[PDB]
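*Asks:* Here are the chains, one letter per residue:
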Amino acid sequence: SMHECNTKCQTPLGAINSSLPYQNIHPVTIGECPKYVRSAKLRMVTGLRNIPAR
Amino acid sequence: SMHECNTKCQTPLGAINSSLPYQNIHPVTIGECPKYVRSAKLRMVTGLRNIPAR
Amino acid sequence: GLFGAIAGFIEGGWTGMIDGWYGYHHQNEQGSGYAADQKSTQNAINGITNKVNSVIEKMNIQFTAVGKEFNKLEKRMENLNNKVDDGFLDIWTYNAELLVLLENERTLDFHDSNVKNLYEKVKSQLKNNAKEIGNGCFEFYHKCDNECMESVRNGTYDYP
Amino acid sequence: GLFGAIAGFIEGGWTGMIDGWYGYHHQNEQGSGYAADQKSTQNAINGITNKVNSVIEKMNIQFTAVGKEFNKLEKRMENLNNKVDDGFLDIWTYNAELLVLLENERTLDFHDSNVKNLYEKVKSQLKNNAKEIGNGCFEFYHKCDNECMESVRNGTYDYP
Amino acid sequence: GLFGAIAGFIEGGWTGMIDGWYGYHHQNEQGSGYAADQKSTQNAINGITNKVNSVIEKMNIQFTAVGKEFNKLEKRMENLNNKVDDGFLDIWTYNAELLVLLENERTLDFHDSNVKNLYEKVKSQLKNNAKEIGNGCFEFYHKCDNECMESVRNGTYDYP
Amino acid sequence: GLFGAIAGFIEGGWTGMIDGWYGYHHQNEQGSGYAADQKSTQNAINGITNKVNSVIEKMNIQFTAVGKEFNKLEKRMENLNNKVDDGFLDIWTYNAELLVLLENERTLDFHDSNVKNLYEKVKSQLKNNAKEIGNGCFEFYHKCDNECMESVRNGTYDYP
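Chains as they are written, first to last, in the entry's author numbering: chain K, 274 to 327; chain E, 274 to 327; chain F, 501 to 660; chain L, 501 to 660; chain D, 501 to 660; chain B, 501 to 660.
For reference, chain K alone in the conformation it holds in the complex:
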């Protein structure tokens, strides 16, 4: 349903307000969306291996 929201991306499921490179929402896009990928998790590590020494 239409609402007075405004976003750089639209898909059939809803609008996407993100700066993440990939998305798994819907392949059909309108305007500047993230690239569609079928994966359920694409999480990169930035820190090191957590071993609390507990």
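Worth flagging that the hints you see were computed from the coordinates, not collected in a lab.
Keep in mind that a hint or two might mislead.
Straight-line alpha carbon distances no greater than 35 Å define the calculated DSBU-like cross-link-like pairs of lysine-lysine that follow [to be verified]: (1) B/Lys643 <-> F/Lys551; (2) D/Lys539 <-> F/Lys621; (3) F/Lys627 <-> B/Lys621; (4) B/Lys551 <-> D/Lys539; (5) K/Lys314 <-> K/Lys281; (6) B/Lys583 <-> F/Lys575.
Some chain F residues near chain E, calculated using beta-carbon distances under 7 Å [as the list claims (entries may be wrong)]: (7) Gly508; (8) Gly512; (9) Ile556; (10) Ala565; (11) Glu597; (12) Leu602; (13) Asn604; (14) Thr607; (15) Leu608.
All C-beta atoms in this analysis are idealised placements derived from N, C-alpha and C, irrespective of residue type, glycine included.
Using the hints, position chains E, F, L, D and B against chain K.
*Replies:* What follows is chains E, F, L, D and B alone, placed relative to chain K:
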């Protein structure tokens, strides 16, 4: 303008989702709204007089 | 202050207490630090919570209030509607601000009272064992422990 | 991991470190505390920030991708369209999970590298004045200050 | 208490003292008993009687007020009548119950005031002839009679 | 009253006070006279000016309000006009005399409070250098001049 939102109170300016006793938004109300009052501030103190002693 | 404790004989509050609205600062050989008086802090909190509840509960929630139309030969009934709505809005705005003003004055006087009654309880405990130095502070003559310092918080303190 | 420092010769990481990813813990007569080695931590943060930027930069933002209808005598061109859309989405999903597994391994290997580089710079610096105990811990033979522990952080330390 | 005498330094009230709201419990070798302080009791009774008369007199008696009929084409003037009757009933209930809550505190604070005012009046007679022992109880130094107990009631006993 | 100085142990006020609401009387060998305590007078005046402004400013100026005519078949809307105008006038009379009694009560306690706050502040300065003689009057042991009297006025005189 009408949107797919739901609230216990409506006024001509917009819907009010609050548990505060008073409001100063608009006199015309629909449903379970706070009491309309012309005041710009009805802040009551609960703490003591702040003197940081800096 | 209406009791002369807050901004009076005690000049200012301590930012180092976070545990309550009233507390003490010790100066034992075992160290220093801030520690709330639980009883006066809870009695003040329950008093002020019942005050917050009372001013919210005693006025009822507003139901649907909607303005009515009046034609070219009903302008007396329009002016009846107008002065009813305006006159109700006057008395609700009148009672709202006067209740806030009176209860804000009272709240600060009630906190000033709770600092007074706390200081005077410590005076009735310590008595001959300490003198008034900083107006709020009590130099011990016998120099007792952190356990005896806690015995002044709960307020037993078994020494003349 | 691939360098035997993280989960290896140092048994586990310290939760008392918050200042940086790699750091030391002194046990002087001046007391104890966790203090990050800034140069190794910041160089790792630059290496991680550059990889994080790179993998986001290399994909270009997906413009309007709209579905195309084909009639009852164009089902070959629908099967060309569907094969093209599926085959690109296959390859792009494979590229995304490839670089996630590969670079997450390389990240843990890179941090494990930086912890052995942190240990070997301290071993080559403390030399004949200290021995290994807990594999990471260096008992001094002369007992020097927290200023001299800072001299091992910055990597000066003027005594063989 | 706002003055810290009722439920404060004096722990509780006496069921054996029935002659007034305040007074003193004498203890002698001649015998023990209760005796009201007529001055503080009567000034409190006059102050509370004028206070109770004030709010009763101030709410004037409601004259004849009945329901009005309106036909099928008079629903706006019926709902103006309803808005007027309900809005007056809101403000009269609100003002009555707030006045009760407020005045009930001011009465209890006034009684707590009169106990501290009576206590400090006896303290300013027994300066160096007695010491405080029970938080309300003064033990004498020279052990004076029932006449001396009555002299401390009536505003005399000007001993050092 | 509520604090026990005004009509309390300081039995009456001085007609020799003309510069302020509070102050001290001279009894030194340099001669008798009166000198107002400026800080207690000004803080009382600022509190009184704020409550005087608050009660005047809060309810706005009453604009044009005139009588309305009603014909022989408009007796219901005439008695609605009368019920509204009388009912609001009941509330405005009731609210005016509520605030007048309550603010006059609190004003006399506030002034009675300011005599406590000034009395205790001088007693905490004098301590062991002067006794109590006239309930207000504090007789000096060592004796001192009019400049040493002025030191007790201005908030200095820090002698055990």
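*Asks:* So, for every hint listed, does it hold in this structure?
*Replies:* Structure-based check of all given hints:
no. : hint                  : in the structure
1   : B/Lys643 <-> F/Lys551 : violated, 52 Å
2   : D/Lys539 <-> F/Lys621 : holds, 28 Å
3   : F/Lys627 <-> B/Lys621 : holds, 20 Å
4   : B/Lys551 <-> D/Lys539 : holds, 33 Å
5   : K/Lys314 <-> K/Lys281 : holds, 24 Å
6   : B/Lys583 <-> F/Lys575 : holds, 19 Å
7   : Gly508                : violated, 11 Å
8   : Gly512                : holds, 3 Å
9   : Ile556                : holds, 5 Å
10  : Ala565                : holds, 5 Å
11  : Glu597                : holds, 6 Å
12  : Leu602                : violated, 10 Å
13  : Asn604                : holds, 5 Å
14  : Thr607                : holds, 5 Å
15  : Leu608                : holds, 6 Å
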